[PDB]
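Guided by the hints, dock chains BU and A9 onto chain BH, whose structure is given.
Listed below, chain by chain, are the residues.
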Amino acid sequence: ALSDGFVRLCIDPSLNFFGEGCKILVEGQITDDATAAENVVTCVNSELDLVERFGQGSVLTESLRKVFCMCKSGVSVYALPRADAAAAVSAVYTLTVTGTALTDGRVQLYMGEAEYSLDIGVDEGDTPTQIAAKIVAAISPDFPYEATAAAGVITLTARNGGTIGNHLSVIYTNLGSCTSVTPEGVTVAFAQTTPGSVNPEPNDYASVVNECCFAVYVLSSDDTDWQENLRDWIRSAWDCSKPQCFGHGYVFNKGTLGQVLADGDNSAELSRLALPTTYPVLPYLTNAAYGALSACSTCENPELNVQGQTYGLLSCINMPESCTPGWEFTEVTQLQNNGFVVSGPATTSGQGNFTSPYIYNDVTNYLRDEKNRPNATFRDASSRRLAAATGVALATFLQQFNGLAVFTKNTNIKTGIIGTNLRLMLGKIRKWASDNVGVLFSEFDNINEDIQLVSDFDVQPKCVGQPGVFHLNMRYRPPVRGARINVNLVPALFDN
Amino acid sequence: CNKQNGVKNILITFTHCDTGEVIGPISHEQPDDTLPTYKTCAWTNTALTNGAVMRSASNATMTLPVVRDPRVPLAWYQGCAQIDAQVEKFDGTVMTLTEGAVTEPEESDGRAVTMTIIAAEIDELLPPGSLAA
Amino acid sequence: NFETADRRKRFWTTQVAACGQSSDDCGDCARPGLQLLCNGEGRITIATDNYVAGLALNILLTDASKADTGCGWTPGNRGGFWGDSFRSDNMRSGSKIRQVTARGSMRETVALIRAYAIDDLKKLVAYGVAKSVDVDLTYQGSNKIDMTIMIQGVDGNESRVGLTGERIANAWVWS
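Protein chains in written order, with the deposited numbering: chain BH, 5 to 500; chain BU, 3 to 135; chain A9, 4 to 178.
Treat the hints with care, as some may be off.
[As the list claims (entries may be wrong)] Restricting the straight-line Cα-Cα distance to at most 30 Å, the calculated cross-link-like pairs of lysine-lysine (DSSO-like) are:
(1) 413 (chain BH) to 10 (chain BU)
(2) 418 (chain BH) to 246 (chain BH)
(3) 413 (chain BH) to 91 (chain BU)
[Said to hold, decoys possible] With the Cβ distance kept under 8 Å, some of the chain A9 side facing chain BH (calculated, not the full set):
(4) 59
(5) 76
(6) 108
(7) 109
(8) 121
(9) 123
(10) 151
(11) 171
I should point out that these hints are in silico values taken from the structure, not numbers from a laboratory.
The beta-carbon is built from N, C-alpha and C at its ideal position, and this holds for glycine as well.
This is chain BH alone, in the form it adopts within the complex:
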């Protein structure tokens, strides 16, 4: 500002990024080489700092990579690294190459996600199984698995311990008439040899995220107990015993239909994502994409629903088309009716070509009630966002009565006094509630009965109440998302 070129006006810029009103927290494992301190929340800048700050090929880095690629700008990211358990075992996979390449050709593989795909050319004809397996020199460094390149067989070992390394299904082109000049006489076999053993169970959420507000929690793990702890923490943020911080969490569950349905703990604070047993993409990558997309990078408007092929398109994920739907339609309906989220391809094909997934229903895991009755009050995720928005907005509006003289037991206000009474206060609140129809509420069934204001003197018995304390009781309803109109066709062959 203050400069040599004096002129009527001075200017003063400070920095580029300004959208700090939206926050997202990503939690996951790390490796040994990571320099970040464990169990300490730290802000995350662009992708340049990654790898070094969280290790090479660690679960956390992969999750963060998708988060940044989905939300280019408009949200602020945070990371909460965690370390492996004391005695965690690392999963091991085997991929044996057999036969001698007797023709010139190329070999290409797809594992985990499209970013890790490779394509190398067979050196020449008559290359044995040992000169082959050069794939190891081609696998990208970011792959969470380490290739050893043994004599004739390549071994993949998870870089992180625990059960998180028990998900894979490879797609290759080394057989059939798919002659991308395929090397004739080569074959590949896939098999597992050792599973993961032990997961961590952190329970110090009250100390590391204490009294700090976050919008969306993302958890890159599949341990049921770990997820349960996150749900309990979120409840505390929505509790009535202290000022609320609000928030929402995203988790995933994988397995057969019988297994997935068994995780329905009836939590309105979580949005469980259901995946089949043969998902061709690493699970947590899809979960991170869904969380980031709904992590206010699009949901600055609480009313918005993250559904459909237009708004709920997880573009960053690319996966080859499967030979079978995976989730049979008779099973898709059951999952939706039970409060789960189901995703599927956004384009039509069965060729094994590349597509992207999208989300059918944006629904939480809410069922029944505290009194055990069934209802859909918190069915849609937008209800949770709208409820939080109403709470904040309502508190701001009522702020104008702070420090204002209030008259009771004699409602006539002298001339020149600045004050108000119960009836005037109630009337003003009604005005605010009505004006918001179409923005935060739908038309009230009976606006004269869903709002009540009573002074504390009328609640407590004689000589027990306090002067200048009111109780406000309000009931509302979010907007209406559609209705059914049964039709009755009639051709009326006769005339008149």
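Using the frame of chain BH, we list chains BU and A9 on its own:
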């Protein structure tokens, strides 16, 4: 005493347009025996032939005769400031207006002012036991 | 020759309840589709009755091209049908009843839905299948709502003389 037709409290809140100043909800008193008059339906019907009608936009109007407060400039009471008014009758009815504007002011002697206000809508709070929603 | 000179035949036609009904806690609904008819020695065949009724279902249950918004749509679900660029009657296929948005009180939204329904089924008169169509919609409560669609047909052979309008072409389906 619910059958008495009269006004109980009048609260106004000015907002100077050229300086953004805001004055708390001061109370007022009326100058004579007249009462305010109201119109809360923002549509006007014109009589066609054979029972038909025509609708016109129109506005929601208010008429508030009140004694000037000796601590507020006379200009504010005329069309040089926003107004937010509330009137509470004896029976219990409360009617609120927000973002109103004064129209076609007339000369005043310094004590009696008869403001004419217009707003998008007026909210009415009937006493307990209403029928309509 | 024999008086049955009209040689025009009739192809397959979609039918209501072809694949049965899908039941749910909210209610029971039809599942339209093609119908299979069986002979005494196998030799299955498709049904072709109620041509106009089948044609009406196709109009209602198909999304038409979506209006431009200024933000855009993904190429997958822009709506419409790629086969409409060859037809010459200067019309686009599908219906837009599903594109309504919650506006004002529920009464206004329902009224808008009726407007779209008429504007879509109006194409039936243009093709000449039916001589008139009208939809009556009633609102009776928060959750219960009904709508009835009335279509007017004609007989195959003309019988009346001195019609104010015109005999609809493509009337060989007699409906």
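Now the hints, each set against the structure:
With a C-alpha separation of about 15 Å, the suggested pair residue 413 (chain BH) and residue 10 (chain BU) falls inside the 30 Å cut-off, and the hint holds. Of the pairs offered as hints, the one joining residue 418 (chain BH) and residue 246 (chain BH) is violated, with about 38 Å between alpha carbons and a cut-off of 30 Å exceeded. At most 30 Å may separate the alpha-carbon atoms for a hinted pair to count; residue 413 (chain BH) and residue 91 (chain BU) meet this at roughly 17 Å. For residue 59 (chain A9), the interface hint holds, the least distance from its beta-carbon to any beta-carbon of chain BH being 7 Å, beneath 8 Å.
Because the closest C-beta pair between residue 76 (chain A9) and chain BH is about 6 Å apart, less than 8 Å, the hint holds. At its closest, the beta carbon of residue 108 (chain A9) sits 6 Å from a beta carbon of chain BH; the interface hint therefore holds under the 8 Å criterion. A least Cβ separation of about 7 Å between residue 109 (chain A9) and chain BH falls short of the 8 Å threshold, and the interface hint therefore holds. The interface hint given for residue 121 (chain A9) is violated, since its Cβ lies 13 Å from the closest Cβ of chain BH, which is over the 8 Å cut-off.
For residue 123 (chain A9), the interface hint is violated, the least distance from its beta-carbon to any beta-carbon of chain BH being 13 Å, above 8 Å. For the restraint placing residue 151 (chain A9) at the interface with chain BH, the shortest Cβ-Cβ distance is roughly 5 Å, inside the 8 Å limit, so the hint holds. At a threshold of 8 Å, the smallest CB-CB gap from residue 171 (chain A9) to chain BH is about 12 Å, leaving the interface hint violated.
Going through the hint list in order, the structure does not satisfy hints 2, 8, 9 and 11.
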